[PDB]
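Trainee: Listed here are the chains, written in short residue letters.
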Amino acid sequence: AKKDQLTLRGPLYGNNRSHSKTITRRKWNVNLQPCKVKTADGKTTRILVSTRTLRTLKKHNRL
Amino acid sequence: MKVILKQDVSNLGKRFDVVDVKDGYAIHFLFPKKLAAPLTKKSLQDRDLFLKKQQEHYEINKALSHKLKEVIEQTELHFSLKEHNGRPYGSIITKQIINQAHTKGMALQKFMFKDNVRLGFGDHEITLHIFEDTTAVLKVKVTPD
RNA sequence: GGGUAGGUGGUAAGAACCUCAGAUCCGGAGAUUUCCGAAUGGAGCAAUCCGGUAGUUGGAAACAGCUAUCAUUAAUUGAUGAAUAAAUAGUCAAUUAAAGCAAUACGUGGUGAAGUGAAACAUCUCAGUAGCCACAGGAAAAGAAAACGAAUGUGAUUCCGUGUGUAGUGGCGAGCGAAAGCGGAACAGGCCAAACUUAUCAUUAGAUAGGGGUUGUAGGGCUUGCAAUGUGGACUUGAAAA
RNA sequence: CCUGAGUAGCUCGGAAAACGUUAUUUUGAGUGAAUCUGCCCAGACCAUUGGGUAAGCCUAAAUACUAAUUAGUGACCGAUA
RNA sequence: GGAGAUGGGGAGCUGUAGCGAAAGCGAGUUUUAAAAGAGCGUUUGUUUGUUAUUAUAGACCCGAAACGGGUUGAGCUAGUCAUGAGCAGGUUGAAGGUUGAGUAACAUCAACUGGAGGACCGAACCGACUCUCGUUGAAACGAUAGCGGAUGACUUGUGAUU
RNA sequence: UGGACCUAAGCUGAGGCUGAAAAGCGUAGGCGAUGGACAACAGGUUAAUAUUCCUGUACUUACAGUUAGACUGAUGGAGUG
RNA sequence: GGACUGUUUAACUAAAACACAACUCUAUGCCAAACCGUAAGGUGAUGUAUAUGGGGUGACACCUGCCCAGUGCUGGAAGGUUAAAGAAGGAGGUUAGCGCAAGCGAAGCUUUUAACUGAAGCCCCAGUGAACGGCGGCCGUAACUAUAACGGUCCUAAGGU
RNA sequence: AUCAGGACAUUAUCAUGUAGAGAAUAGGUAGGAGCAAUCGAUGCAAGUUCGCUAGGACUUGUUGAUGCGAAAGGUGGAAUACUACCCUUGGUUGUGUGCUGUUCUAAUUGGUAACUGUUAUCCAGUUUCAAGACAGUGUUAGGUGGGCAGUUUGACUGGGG
RNA sequence: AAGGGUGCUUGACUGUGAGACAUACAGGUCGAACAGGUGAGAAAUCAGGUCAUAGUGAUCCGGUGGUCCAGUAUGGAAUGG
RNA sequence: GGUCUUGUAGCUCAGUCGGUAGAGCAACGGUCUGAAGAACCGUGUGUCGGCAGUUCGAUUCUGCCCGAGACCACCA
Numbered sequence: 001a002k003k004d005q006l007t008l009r010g011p012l013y014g015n016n017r018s019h020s021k022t023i024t025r026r027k028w029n030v031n032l033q034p035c036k037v038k039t040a041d042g043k044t045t046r047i048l049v050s051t052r053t054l055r056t057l058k059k060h061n062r063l
Numbered sequence: 001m002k003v004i005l006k007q008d009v010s011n012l013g014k015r016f017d018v019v020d021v022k023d024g025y026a027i028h029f030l031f032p033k034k035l036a037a038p039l040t041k042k043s044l045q046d047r048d049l050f051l052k053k054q055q056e057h058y059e060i061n062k063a064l065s066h067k068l069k070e071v072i073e074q075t076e077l078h079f080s081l082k083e084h085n086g087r088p089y090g091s092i093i094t095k096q097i098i099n100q101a102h103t104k105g106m107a108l109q110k111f112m113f114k115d116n117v118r119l120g121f122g123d124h125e126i127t128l129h130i131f132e133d134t135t136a137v138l139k140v141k142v143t144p145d
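Protein chains in written order, with my numbering: chain A, 1 to 63; chain G, 1 to 145.
Simulated from the structure, these hints should not be mistaken for laboratory data. You may find that some hints are simply not true.
[To be verified] The following label-pair restraints were derived from C-beta to C-beta distances: (1) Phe131/G x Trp28/A: 39 to 47 Å; (2) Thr103/G x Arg52/A: 22 to 30 Å; (3) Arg62/A x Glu56/G: 33 to 41 Å; (4) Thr22/A x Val19/G: 25 to 33 Å; (5) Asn31/A x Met106/G: 33 to 41 Å; (6) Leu12/A x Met106/G: 30 to 38 Å; (7) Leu128/G x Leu12/A: 46 to 54 Å; (8) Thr22/A x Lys42/G: 22 to 30 Å; (9) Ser43/G x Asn15/A: 20 to 28 Å; (10) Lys27/A x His57/G: 43 to 51 Å.
[Claimed, not checked] Each computed PhoX-like pair below joins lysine-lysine, with the alpha-carbon atoms no more than 25 Å apart: (11) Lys139/G x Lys59/A; (12) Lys53/G x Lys43/A; (13) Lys36/A x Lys139/G; (14) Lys67/G x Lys36/A; (15) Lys67/G x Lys139/G; (16) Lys36/A x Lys2/G; (17) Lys59/A x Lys52/G; (18) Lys33/G x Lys36/A; (19) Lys41/G x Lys59/A; (20) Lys110/G x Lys58/A; (21) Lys59/A x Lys67/G; (22) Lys36/A x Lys110/G; (23) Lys38/A x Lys139/G; (24) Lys67/G x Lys43/A; (25) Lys2/G x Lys58/A; (26) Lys22/G x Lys58/A.
Backbone N, C-alpha and C define an ideal beta-carbon position, used for all residues, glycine too.
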């Protein structure tokens with residue numbers, strides 16, 4: 001499971017090339033960022049989060 | 001990143017405003033010394049609320065900072081050197097001030113008391129700034145064994 | 001409850017029994033139901049070994065007999081707690097749901113190729129197929145208008161038949177292939193949030209609890225006014241009747 | 001005064017739609033507004049007109065199938081079936 | 001509807017005029033300046049059943065070497081970790097040290113103890129180098145005869161793992 | 001001979017870590033002899049077993065009252081094996 | 001011929017084969033370098049250049065001659081080639097309107113690839129042969145001459161000691 | 001966050017320049033036949049640049065109101081000043097565009113160490129030790145890349161090649 | 001003469017072509033003649049490339065010019081015919 | 001197809017922007033020297049790939065062609 005806990009976004013399996021007549025498959029690994037979390041009680045250190053989720057946290061001022 | 005700061009002009013822009021400029025990640029929001037609160041109120045009243053809260057919070061910070069220098073200057077800080085042949089090994093770092101603070105119980109942060117990383121023997125004195133309206137002094141003494 | 005003059009499950013001969021006071025047999029409600037096995041006190045080679053607690057009986061005791069209990073996760077409750085006062089992870093106790101299996105069939109989602117034809121083949125095809133996984137229910141998924149689509153036109157979603165093998169699409173091959181339109185099966189649309197209003201939270205509440213409110217021909221909020229006890233279940237009880 | 005924002009978009013890859021990526025639906029990275037006064041749509045995209053308010057929730061039918069229980073049928077097979 | 005014929009049920013479907021790329025027209029259409037010539041036209045049924053062919057479906061039928069996915073396997077074999085055990089018997093004498101001779105002392109020499117080998121001879125044990133035998137056998141890998149190694153890159157008892 | 005003892009690589013595995021799912025890895029724990037520790041030999045007899053069945057000679061580790069001596073001492077540290 | 005002890009197709013080939021001592025080069029200063037694995041995780045390793053794996057050869061002794069033309073390598077920058085992207089600027093269209101026709105045309109948007117920058121590699125150069133790989137012909141010349149030390153030329157980077 | 005240094009734009013900056021004849025270093029194009037003239041000329045001094053050792057330019061001193069012999073006469077294929085222009089090289093600051101080297105810590109990374117949980121080498125945290133916005137990692141787009149996948153590799157023919 | 005040379009212009013035209021050649025098809029070949037404007041030459045007529053038999057490359061796909069054609073609701077535009 | 005570069009003598013190297021065709025070797029003559037040497041001065045080899053413009057006047061400038069070395073071509 002390469003994803004954060006607060007949001008559930010699964011890595012999509014797709015394709016890859018810039019040139020060919022055939023087809024292949026690869027995944028997209030969602031970018032994961034270890035950042036401190038914010039809450040009034042206890043645990044506030046490293047948790048993995050998604051980048052878009054981080055940006056939403058920044059504009060929503062979730063500290 | 002952030003659009004609000006906790007303080008007015010200190011060394012650069014990004015005052016205690018509804019909207020502030022930003023250039024990448026900063027301690028302008030990370031540090032508890034200077035943070036930002038969620039907006040969650042911004043239609044027209046938010047700027048007046050932030051301004052009034054700015055003056056009131058500056059005044060209350062000044063009052064509590066005076067009390068905190070008084071209470072921390074009254075107290076005494078003593079430790080012990082576990083030494084061999086009169087050679088100092090004890091660590092004198094922010095640990096000690098955090099310990100003495102948690103015995104007393106005031107809210108601080110470990111990057112807020114910036115203290116030099118070194119050793120010390122005998123009585124010595126330290127001058128440090130706690131906030132941007134503060135200038136304080138603290139004393140450390142140690143006993144040999 | 002019904003019904004009966006024998007039966008003692010199949011290889012049937014003998015035993016030895018009860019039975020005409022109702023068995024045998026049929027159905028309903030049941031009690032109990034060894035071990036292992038999701039198997040869960042712990043372990044292990046499934047039909048094995050060691051247990052712990054609380055009782056209870058015997059015996060000085062040891063130990064032996066009959067009961068329940070003692071696994072994990074998640075959520076909730078209480079105690080609990082290090083750096084570091086608090087808090088914090090964690091620790092134990094209590095309550096509640098699993099976790100399995102199968103109807104080899106149907107549901108969704110995620111995974112996911114080949115030989116196959118193309119007279120080769122790497123395109124397309126074989127198909128999201130096989131197979132795998134996870135979660136399901138008697139079914140599920142789907143589903144109430146940024147729907148349509150061109151009109152003086154309809155008005156949740158699904159399936160059936162015409163449209164049609166069409167318009168298109170494509171190493172423009174092999175092929176793939178509609179969506180509207182029309183005709184039927186059924187047809188119920190309701191419910192939050194958001195404006196505002198009542199209390200707590202250090203009224204920095206941004207959270208909770210309650211009232212109003214559930215959208216196109218715009219609606220709701222706002223100061224009011226007029227009229228009304230209505231019909232509906234998608235549903236709670238008991239009662240009756242079939 | 002309110003009617004659902006990292007949202008519609010857009011760029012880069014992508015995927016389902018007849019589609020073999022094109023308006024239409026989804027998004028992995030990046031970036032990024034408006035508020036019924038507008039937004040989108042009528043397969044590029046403007047103007048006029050129309051259509052209705054997505055970025056909330058649930059919703060029985062209209063169905064596929066017979067492992068079962070009972071009854072029954074078979075221009076069903078009769079022991080190499 | 002006795003899991004039947006049928007009755008209902010025009011939604012469509014072939015024809016009723018065709019041309020062309022279509023616009024658009026039309027007993028004409030396209031070319032063009034053209035009506036000329038050339039192009040197809042100048043009404044020539046449909047619903048069934050039965051045969052014949054055919055379209056795709058395992059499609060007159062049995063035949064592969066394969067391919068991909070999913071399972072099973074270290075009791076064979078190869079490798080390794082642990083735990084063990086055995087290897088008849090007999091040869092061989094490297095050092096080292098000690099004694100004595102020797103020398104100025106060494107060097108050197110005569111020796112004694114002593115035991116070193118991917119040592120040797122060679123049983124059990126391993127292997128299978130060689131000829132014969134059988135080779136639709138006693139036996140899906142041997143039998144007789146020989147042979148090499150056989151205190152070490154030896155073997156195998158068991159467990160385990162790949 | 002083996003359990004009621006522990007371990008040899010190895011296995012499993014509360015938490016935990018990683019990974020589409022499956023699953024893999026791994027802490028503390030727990031299993032795993034062919035290892036390590038523990039007290040019985042001679043003989044007799046059935047057609048069938050026998051150190052076990054029977055005669056002899058013993059030992060052993062625990063519980064219980066008891067007498068005499070005595071303060072002992074573990075999951076803790078060290079030797080031992 | 002190989003040093004040898006020793007190893008290999010159970011079941012048709014045991015050796016010129018394998019293998020070792022030993023020799024040589026090379027990537028690496030530790031979380032290594034090599035990897036096994038989709039990532040954690042693990043060996044090399046509770047390792048630390050006398051370490052470590054890989055490429056070649058294979059007692060002992062002696063030699064290792066030429067050629068960086070090209071290939072693969074090391075280092076460098078003079079210059080040119082250079083995607084992706086960042087964004088000078090231009091063009092197309094609608095049309096509020098100006099407008100007699102035309103045409104022009106503010107407004108938002110669509111289509112547009114650009115000016116310039118833009119990595120490494122490549123072309124380039126210096127080195128590199130117990131790393132790939134190759135190691136030529138011709139002509140005459142010394143008192144018989146066949147002989148060619150000795151000298152000359154075409155090719156190539158080079159002509160077998 | 002942080003300072004500094006080097007490139008491309010160009011304001012504004014001045015210099016910029018030999019065939020022969022040309023009194024001639026001459027980059028040329030065309031109006032101008034002018035103006036420097038207390039701000040003052042032919043001509044001389046010290047300094048800067050320079051390139052022809054010879055061309056050209058500027059500050060101060062000096063000549064004193066004139067001449068520039070390159071305004072016009074006069075010469076040269078290409079005429080003199082100025083006027084606007086296209087070339088120039090170098091430097092000077094004006095900032096825009098991205099580049100490199102800085103410092104810090106504060107994101108992030110730890111297979112540093114210690115402590116508690118925990119009888120425990122995994123982990124949770126705190127600190128330390130470090131690095132340090134490098135860099136893991138994600139995405140996009142290049143390179144390299146038989147380690148690997150899919151396959152490919154016509155025919156005729158007195159057999160085929 | 002279909003050879004040579006001179007002069008004149010440029011039909012190496014357009015829309016077409018019954019009728020034939022041979023013909024797996026595609027494909028290839030010869031042209032009667034009509035209508036329009038033509039040049040040569042008074043006319044006659046000729047002139048629908050070279051005296052011929054060789055001198056070639058299928059379609060999609062893409063581009064260019066015109067385009068009385070269409071243009072997804074409309075007008076345009078895109079885009080295609 | 002663009003984007004850059006390259007062309008000279010009998011062979012191998014040059015090349016003041018327009019203001020010109022130059023070393024070495026290939027062949028010969030000569031000079032130095034007791035002699036042979038040896039070395040060197042040099043007759044010569046030059047429309048500077050070609051074609052049209054520029055400039056008083058072109059081998060290098062402009063445009064074209066010829067001989068050539070390099071980076072670029074595919075729908076899921």
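Trainee: Hint check: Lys2/G vs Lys58/A, CA-CA at most 25 Å. Holds or violated?
Mentor: 6 Å, holds
Trainee: Does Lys110/G lie within 25 Å of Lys36/A when you go C-alpha to C-alpha?
Mentor: 16 Å, holds
Trainee: Tell me if the straight-line CA distance from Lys36/A to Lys139/G falls inside 25 Å.
Mentor: The hint is violated at about 34 Å.
Trainee: Would the hint linking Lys38/A and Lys139/G be met if the CA-CA limit is 25 Å?
Mentor: 34 Å, violated
Trainee: Does the Cβ pair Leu128/G, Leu12/A satisfy 46 to 54 Å?
Mentor: 52 Å, holds
Trainee: Quick one: are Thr22/A and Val19/G within 25 to 33 Å, going by C-beta?
Mentor: 52 Å, violated
Trainee: Would you say the C-beta atoms of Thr22/A and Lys42/G sit inside 22 to 30 Å of each other?
Mentor: 54 Å, violated
Trainee: Holds or violated: are the alpha carbons of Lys36/A and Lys2/G at most 25 Å from each other?
Mentor: Judged against 25 Å, a Cα distance of about 16 Å means the pair holds.
Trainee: Can the suggested window of 43 to 51 Å be confirmed for the beta-carbon pair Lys27/A and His57/G?
Mentor: 49 Å, holds
Trainee: Hint check: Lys110/G vs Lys58/A, CA-CA at most 25 Å. Holds or violated?
Mentor: Measuring from Cα to Cα gives roughly 24 Å; hence the hint holds.
Trainee: Within 25 Å, alpha carbon to alpha carbon, are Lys59/A and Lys67/G?
Mentor: 36 Å, violated
Trainee: Quickly compare the C-alpha distance for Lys53/G and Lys43/A to 25 Å and report which way the hint goes.
Mentor: Not OK: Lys53/G and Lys43/A at ~29 Å, beyond 25 Å, violated.
Violated hints, in rising order: 2, 3, 4, 6, 8, 9, 11, 12, 13, 14, 21, 23, 24; the structure is consistent with all others.
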